[PDB]
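Listed here are the chains, written in short residue letters.
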Amino acid sequence: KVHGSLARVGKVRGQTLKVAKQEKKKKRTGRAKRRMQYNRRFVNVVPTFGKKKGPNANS
Amino acid sequence: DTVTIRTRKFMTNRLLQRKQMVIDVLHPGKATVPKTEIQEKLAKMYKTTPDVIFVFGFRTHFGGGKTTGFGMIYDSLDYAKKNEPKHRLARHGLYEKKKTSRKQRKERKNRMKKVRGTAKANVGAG
Amino acid sequence: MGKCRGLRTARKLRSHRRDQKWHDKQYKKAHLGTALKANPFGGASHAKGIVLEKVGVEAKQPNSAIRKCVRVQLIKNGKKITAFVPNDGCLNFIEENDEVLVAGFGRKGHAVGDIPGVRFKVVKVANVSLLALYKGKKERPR
Amino acid sequence: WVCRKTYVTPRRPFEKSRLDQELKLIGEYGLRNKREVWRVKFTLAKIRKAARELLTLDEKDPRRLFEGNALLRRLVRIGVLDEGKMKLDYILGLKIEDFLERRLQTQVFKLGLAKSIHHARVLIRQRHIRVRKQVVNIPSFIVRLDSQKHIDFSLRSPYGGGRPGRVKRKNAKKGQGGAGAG
Amino acid sequence: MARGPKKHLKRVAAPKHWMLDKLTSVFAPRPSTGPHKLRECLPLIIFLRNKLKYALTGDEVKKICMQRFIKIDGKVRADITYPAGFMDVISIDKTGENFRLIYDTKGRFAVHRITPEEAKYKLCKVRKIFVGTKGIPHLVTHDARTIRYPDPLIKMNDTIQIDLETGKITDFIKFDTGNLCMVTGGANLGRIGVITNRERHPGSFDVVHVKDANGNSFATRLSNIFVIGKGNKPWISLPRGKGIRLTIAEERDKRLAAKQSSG
RNA sequence: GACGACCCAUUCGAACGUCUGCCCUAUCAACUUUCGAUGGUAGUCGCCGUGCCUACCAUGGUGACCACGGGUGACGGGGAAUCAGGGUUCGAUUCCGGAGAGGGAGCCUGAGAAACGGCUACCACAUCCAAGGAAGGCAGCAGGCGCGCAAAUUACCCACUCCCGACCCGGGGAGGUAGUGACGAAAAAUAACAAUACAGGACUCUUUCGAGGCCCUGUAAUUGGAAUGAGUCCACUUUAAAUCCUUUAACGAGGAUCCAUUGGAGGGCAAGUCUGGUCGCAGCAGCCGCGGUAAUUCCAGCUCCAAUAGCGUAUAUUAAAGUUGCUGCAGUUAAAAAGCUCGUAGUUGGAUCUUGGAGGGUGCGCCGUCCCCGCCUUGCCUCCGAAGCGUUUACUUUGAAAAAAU
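Residue numbers (full-length UniProt numbering), protein chains in the order written: chain C, 75 to 133; chain S, 3 to 128; chain F, 1 to 142; chain H, 7 to 188; chain U, 1 to 263.
Hints were generated in silico from the structure; no laboratory data involved.
A portion of the hints provided could be inaccurate.
As the list claims (entries may be wrong) - Derived pair list, reagent style DSBU-like, types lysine-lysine, alpha-carbon separation capped at 30 Å:
| id | chain 1 | residue 1 | chain 2 | residue 2 |
| --- | --- | --- | --- | --- |
| 1 | C | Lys75 | F | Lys124 |
| 2 | U | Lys63 | S | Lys101 |
| 3 | U | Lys53 | U | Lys37 |
| 4 | U | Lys120 | U | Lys51 |
| 5 | U | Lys259 | H | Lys93 |
| 6 | S | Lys115 | S | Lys100 |
| 7 | H | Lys66 | U | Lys71 |
| 8 | C | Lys75 | F | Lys54 |
| 9 | C | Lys100 | F | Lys137 |
| 10 | U | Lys16 | U | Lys106 |
| 11 | S | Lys88 | U | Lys37 |
| 12 | S | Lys83 | U | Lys94 |
| 13 | S | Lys83 | U | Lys63 |
Please build the complete structure, drawing on both the sequences and the hints.
Written out as structure tokens, the structure reads:
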């Protein structure tokens, strides 16, 4: 009732081809970042009555 | 830039031979002022002279151009030299005195304790 | 309303309540000091022990996996306890005769998930944090 | 060594409707964080609770009279509150903006001397603003009534006078060493 | 503890009415043994450097005292923590000031300058009246002064004008309905007023209904009542306020009205 | 101008004495005395009250209104945390009261000690020695071992605050002062403003096309002028002397920074109807559930969310929990009315004994509005006060007495 194996321990982590870090930008300091959020969310942000939309969408 | 030394909240205190008051120092826009400059400057408003106007406390305020402290000016240089905290007189070129720093002395005394009376014996041992 | 209503009857009401509190399991546990007396951890929140052996435990249906815990002798009271080793390949990081910091599941003493009869998890070895080890912030020191 | 907390988080944590409301407040109010809002939601709840208690008391009741009038007078000095309000029946029917409106940051906008709740906070936190003999760097301040008029740039920050700027003064000597001579 | 007399006072466990701050240190002065009970006293140090501002340090308070600058009831006192109290005089000479320790309406020893006379005499409340040894009788006042041969009228709770250089009672006042009073303890500590009634309890505890010059009425324990003269005619200085007591609203009304305009 | 004494009171106290309030437990129901348990009486003792002790003499005292016995993540309280209201839980720990200084017991001195930075024995521990001897007690301050989930300098000073002594003057690991210090709490930086440049929407004009236009946000393009301490640093302040803060000449912001994090993105639950990889494997998953080849749960990136100089995790406990239910639970069938009745304690108990205009507080501009009061049989008697003085209470009402911190 245990017997069995571990041979396979860590098989996916070790098979998952590493990815670069890439990079890019810094996102913004405290209140300024809050400000960008508020303009992007609300000012931005006009919205349509498209019956809605999304934040982390592709096509 | 001119300054201005202003002495607020005055008390004539006879029973300790001195006039004691707050020192309000405008320095408009830089900072600061020397303790020596302050005592010199006060010395000439209370008709007393430097060596009778101790000055202490002090913290420039927030942002710059002011500093509030405290001063005393003594009626007899004798009266000051005796009513005086000693550390205060030491601070300017009239008082200084012996240090230690303290545990060397305590050690000496504890060595002395071992020895019956005499103790001077323990003095020559320290 | 199952409960007198006389101005006097404070003692009956007060006491009837004392009598029924028992059935509360959290209450009874506390008054009987169970955590001190039965529990493997002292009535403390974390506990450190030595690794005896590595177990591959057989996750309960409908799930199917080999679980991967160690068996640990707690230094504090020589108690024998099996503890889960979380994340991918982390067994790796603990060896027999190891030392380890164990902690509760967050289940109130009741085993977690599919993982059967295991009530604790490893947190530190290399005195050294499986997390920091798994990431590679820090190593299997030696 | 006594101390107390100054803010309180909301029972609950994800109620789109509340989140949007808070974000609009941060934006209008050049705020920095939710705590920044939470701190005020907290300030207000205690005021309202103070108010509600009082309002349950008898009027003329030395305790209700002496403390009610005081709460009101305190609430008015800061402009937070107005007279008809300026009784307890009105504080009960009040809100957060009313406080939020009195901070520095939004005033330095509100009279040109910033043109942004933005600009305002960096101005304040950078020492170019006195409330009359005193620099005030706390974008978080709370401008009292008859103190509204004394807010202005400071005696030396450049506007406010005083040379130029550790970076402007760099630039003056930036056209000096090369283009003047060798 | 438990083998002997305490010698320290944790500050904070000191009496509020000295109004020492919270930070500063751990310990308050703690009154020496003396003529006034420790709670009910005002160590000179607090007077010299905490109320009068003559001293900064405690080191200074001492330097002052060793001069001999300061007398209590006429007779130089040289102890930092001397327990001065109600009806005490305190005289700083090379400064010309006479002060009588008598209460605020807060219940705080008040800074109360008195004339260069007056300073001569103090009013003591009789505490006990005694046949001492050899058949002589004596009275005992609050301030712990025993005077032999007093005149036979004087009875416990009466008050008594002491000379002061000489000791010597130089008259008295009976405790009777309608006498002026000073309240020396409790909720009403500092209120002055006529009398009205003494409710009497055997076994223990006699209350004194007092009425003030404003028809404001209140009670305290007989223990707390001190007789100071005849209505409208105190036998001493009263501090500004005539021990009146005003509601926190009345108090606010006076504070804003007297200034930011009214000279 | 430089301490004793007798006796009394005083002050600081002390030692005992009053009541009223304490956790869990009945798988603890009778207990306590021939080694006094309860009482008489007298003495001895003590600072003194008292079976403290002792003689003689009684046979008491306590219990279902929980005694007795036992247990204990019990020092007790002021207090703390959790907020409808009710409540619920903690309290060793900056104050108060009590207790101890390796364990036990005894004692000296002195006003005060059954003291351990006194002593003495034993008991347990440890140390020096030339082996006969001899000297010791960090639950003081640092530090060290052991223990563990867990906790700082073998640092400076008596200047502050106070204390003590023969004492202004000395002495204080009391205490202050710095160092360590994300318990935890406060303030809140790591980038603001135009311009082109554009990307855009309510407004207006026009039949439409089309154009103008205010409010501006981004997003680059770099500009362009406009900025501040974080560091660094003459000087100065702080303070016993320093440090840091709060102070500032000279320096210190074009992003590749003077470079913000930690969890989450299938449901609850805020956020990928992703791309590569794997294929019920590794892993994820408090719970429900995912993954068996188009994985929005994995493993990584990308992207996005949330809280933000903090955030995750474990755990005690609390709120949520009207899932302990006074307020405010359920029990025909869901977990739960004893088969039935008698019955002591306890709880609980019918109707009925007195009736039928102005004084004072806070609102609104001399007027009034709205409480509160004696009024349109109400303490008797003793013979206005005083006194007699209460039929008992509970209750409720008005006072005093009511530690500070909190």
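Results of checking the hints against the structure:
1. C:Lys75 to F:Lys124: 28 Å, holds
2. U:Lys63 to S:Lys101: 24 Å, holds
3. U:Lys53 to U:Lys37: It holds: about 24 Å lies between the C-alpha atoms, which stays within 30 Å.
4. U:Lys120 to U:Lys51: Since the Cα atoms of U:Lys120 and U:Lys51 sit roughly 23 Å apart, the hinted pair holds (cutoff 30 Å).
5. U:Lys259 to H:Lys93: 25 Å, holds
6. S:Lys115 to S:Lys100: Given that 30 Å is the threshold and the Cα spacing comes to 24 Å, the pair holds.
7. H:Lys66 to U:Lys71: 50 Å, violated
8. C:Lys75 to F:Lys54: Answer holds: C:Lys75 to F:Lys54 is near 14 Å, not above 30 Å.
9. C:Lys100 to F:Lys137: 23 Å, holds
10. U:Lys16 to U:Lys106: Holds, at roughly 11 Å.
11. S:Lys88 to U:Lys37: 36 Å, violated
12. S:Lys83 to U:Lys94: 20 Å, holds
13. S:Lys83 to U:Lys63: Distance ~13 Å between S:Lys83 and U:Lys63 Cα, so the pair holds.
Figure legend: structure checked against the earlier numbered hints; hints not met, in rising order: 7 and 11.
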